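Build the full structure now, drawing on both the sequences and the hints.
Chain residues, written in single-letter form:
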Amino acid sequence: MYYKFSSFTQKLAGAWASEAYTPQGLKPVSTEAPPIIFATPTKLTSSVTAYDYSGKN
Amino acid sequence: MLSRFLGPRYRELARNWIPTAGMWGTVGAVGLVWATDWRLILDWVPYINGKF
Amino acid sequence: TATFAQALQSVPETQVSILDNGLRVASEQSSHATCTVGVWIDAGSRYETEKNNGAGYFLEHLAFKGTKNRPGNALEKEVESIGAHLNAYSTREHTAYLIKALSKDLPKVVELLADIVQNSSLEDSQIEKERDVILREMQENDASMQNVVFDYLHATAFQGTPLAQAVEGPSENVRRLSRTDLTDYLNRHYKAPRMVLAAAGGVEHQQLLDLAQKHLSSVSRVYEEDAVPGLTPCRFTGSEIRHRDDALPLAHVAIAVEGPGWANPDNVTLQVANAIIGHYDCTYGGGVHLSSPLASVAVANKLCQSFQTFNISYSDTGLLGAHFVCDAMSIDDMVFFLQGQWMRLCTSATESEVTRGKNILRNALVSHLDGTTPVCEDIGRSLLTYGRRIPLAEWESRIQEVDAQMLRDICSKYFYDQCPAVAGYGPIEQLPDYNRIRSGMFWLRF
Amino acid sequence: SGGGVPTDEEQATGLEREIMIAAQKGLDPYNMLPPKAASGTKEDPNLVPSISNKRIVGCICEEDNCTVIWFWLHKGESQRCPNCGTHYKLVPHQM
Amino acid sequence: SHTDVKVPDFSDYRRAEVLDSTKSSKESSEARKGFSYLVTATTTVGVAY
Amino acid sequence: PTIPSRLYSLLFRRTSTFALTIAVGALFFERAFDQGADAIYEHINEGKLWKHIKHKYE
Ligand SMILES: [Zn+2]
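Protein chains in written order, with the deposited numbering: chain I, 1 to 57; chain K, 1 to 52; chain A, 1 to 446; chain f, 3 to 97; chain E, 1 to 49; chain J, 3 to 60.
If you're looking for bench data, these hints aren't it; they were derived computationally from the structure.
Accuracy of the hints is not assured; some may be wrong.
To be verified - No more than 20 Å apart at the CA atoms, straight line, and that leaves these computed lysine to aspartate or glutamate pairs for EDC-like:
no., chain 1, residue 1, chain 2, residue 2
1, I, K43, E, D9
2, A, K129, I, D52
3, E, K33, E, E17
4, E, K23, A, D181
5, E, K6, A, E50
6, E, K23, f, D30
7, f, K77, f, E45
8, E, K23, A, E50
9, A, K65, A, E128
10, I, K43, E, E27
11, I, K11, A, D316
12, f, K91, f, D30
13, A, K65, A, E78
14, E, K6, I, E32
15, A, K51, E, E27
16, I, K4, A, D316
17, I, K56, E, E27
18, I, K27, A, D132
19, A, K108, A, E128
20, E, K6, A, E78
21, E, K6, A, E128
22, K, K51, J, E44
23, E, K23, f, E65
24, A, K104, A, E50
25, A, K413, E, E27
As structure tokens, this is what we get:
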């Protein structure tokens, strides 16, 4: 009812009860997760920026 | 009729913009003596005194 | 009478003590009949290793669904039986479980907090239903469009680093995560040296120390592999991301640069700079007479729907910049205006402007800590970040050091001729390319 | 540009690999550092590891000395340096 | 979700001192813009001649 | 404190200082480039130009 962490200053601001203490909505079922396609096959690596080399090892 | 800029804030702006305007004036003077090949200043400089 | 310095030094002091487990117990006392007691853990999305990318969020969900000694809703019933309020959040660096209650029920709440950080019963059916709940609220938070631009800005600014990934993580990790992974996360990151027990309000410090010795004794204290998870500095990337959906009515754009982090004093100066530019939305009732130049320009030209400046700090890094929502036809103009304001702070900041920003920062710092919940948040976050509670008189002393010359020196250090990180979402083809935004970050006249 | 130059936590193989792996645990089983726990007392001797039941023990038993007293140490009870009185016990459990 | 959007790896086009994500920036950024502005300054000197 | 950081800081960071750098470099480049190209041209045409045979006819 009272405080929700937000506001781009990383602060526990004040917010209404319908969003501070019920952050998940009343929508019943999650609908889909649409996948991402690229133009070229990209090496979208999260960890350690794919690979680092300059030849054959 | 230029009495709108008589205050401490415009004086503060002025003393902020002394060095930039002075350096732009230095650029203009050096470019003018460089382009005109003016003989007053170009004889006071060591390396450029080669063609005289 | 009583001036500002005397009232600032009349604020009560926060008492901090250390247990044998390394648990940091801090509290401060007022005349209030209520209390706010919380546990702050140094665990977030930055410690996750790209395969458990929503582990902290999913524990943050299952923490209130039942423990070993309090199975399920009976625990929930207990806190409702005392009329207390239970809240939590999870950032990229910190996790917090806090309870507002009355002071007269200080023991029981601490006991509840104890098992919430060390005895959570992770059940498979609860795991399934909270997986569905998390998918539902990622669907809900996709509609909150400024949060989408927040996540996009973090991703494009911290590419390749653990600070790009969101706290809730990708959808596949929600679909596939197992109880063993959550157990590894909670055994790795929920140890006692990284926990601060903070209390604000009408609570005795010795009473809370006795409660923390009784309940929160021996949380983990042991790495179990002698493997300390240490944080590593993250590379900033001047970059642009453009999510284009022309069906949306309004466009959100966030522009940022580096800020130094938590433990560098010129943050205070940067805070003053934000207080110069400030915030606005369409329901502010000032008119054409607001003190912020960007606000008055945007009101007169009818550009914005809202704008808002931010300074965001993590361990020796952060994001400093602005965020605005407007229609399509305004976007380019505002970027120019926004960059011009920054360059004015880099070149020709005056003294009355700095004084106004200093008074705004004084009022923000004092009036933010009104009530026990933000005071307790400040205590827990300050013990986790600064290593100590910075008193408000120290804040007032650091604000008084700010004059115009050092402010424009700092603003030239952090804004001038720097590559920004730009995130956008909406009808954003009038938002310029990265070259014009980058070229707008310096003046050809200096 | 590029990466290419490898960090030696991957290209270390063989004796270099186990000495780096053990050294960044802080343990030196290949005699690269002067050992610790000096105690010439009877109940607390100087502990010296071994792989056999016999080892060279040198005693520079008083500080700034010319001669190191060399003697063989065998598995069993701890006997001292034969002129000073520093005990030495062998433990043959270091491979 | 919007959290599924991940920036792809740019390490082939990326400059040399900004390659590893474990090193902080603002340590070699001045050298990068010094190189690019030196290129621009030499071009301006040549066309001024 | 490294040399490229200070070379960017006190010469390339400000636009007026950038223009001063360009003007002074233009003057020194004019002198050095004129000397170099004149020396190359007189070496390629050794003994052919008038100044090489000017001393014979006083
Ligand atoms: Zn001896």
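Checked hints:
no., hint, verdict
1, I:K43 x E:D9, "holds, 6 Å"
2, A:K129 x I:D52, "violated, 41 Å"
3, E:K33 x E:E17, "holds, 13 Å"
4, E:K23 x A:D181, "violated, 28 Å"
5, E:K6 x A:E50, "holds, 12 Å"
6, E:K23 x f:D30, "violated, 31 Å"
7, f:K77 x f:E45, "holds, 17 Å"
8, E:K23 x A:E50, "holds, 19 Å"
9, A:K65 x A:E128, "holds, 12 Å"
10, I:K43 x E:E27, "violated, 27 Å"
11, I:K11 x A:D316, "holds, 19 Å"
12, f:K91 x f:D30, "holds, 19 Å"
13, A:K65 x A:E78, "holds, 13 Å"
14, E:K6 x I:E32, "holds, 18 Å"
15, A:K51 x E:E27, "violated, 31 Å"
16, I:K4 x A:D316, "violated, 25 Å"
17, I:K56 x E:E27, "violated, 31 Å"
18, I:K27 x A:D132, "holds, 11 Å"
19, A:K108 x A:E128, "violated, 30 Å"
20, E:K6 x A:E78, "violated, 42 Å"
21, E:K6 x A:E128, "violated, 26 Å"
22, K:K51 x J:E44, "holds, 16 Å"
23, E:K23 x f:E65, "violated, 47 Å"
24, A:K104 x A:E50, "violated, 44 Å"
25, A:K413 x E:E27, "holds, 13 Å"
In the structure shown, a violation is registered for the earlier hints numbered 2, 4, 6, 10, 15, 16, 17, 19, 20, 21, 23 and 24, in ascending order.
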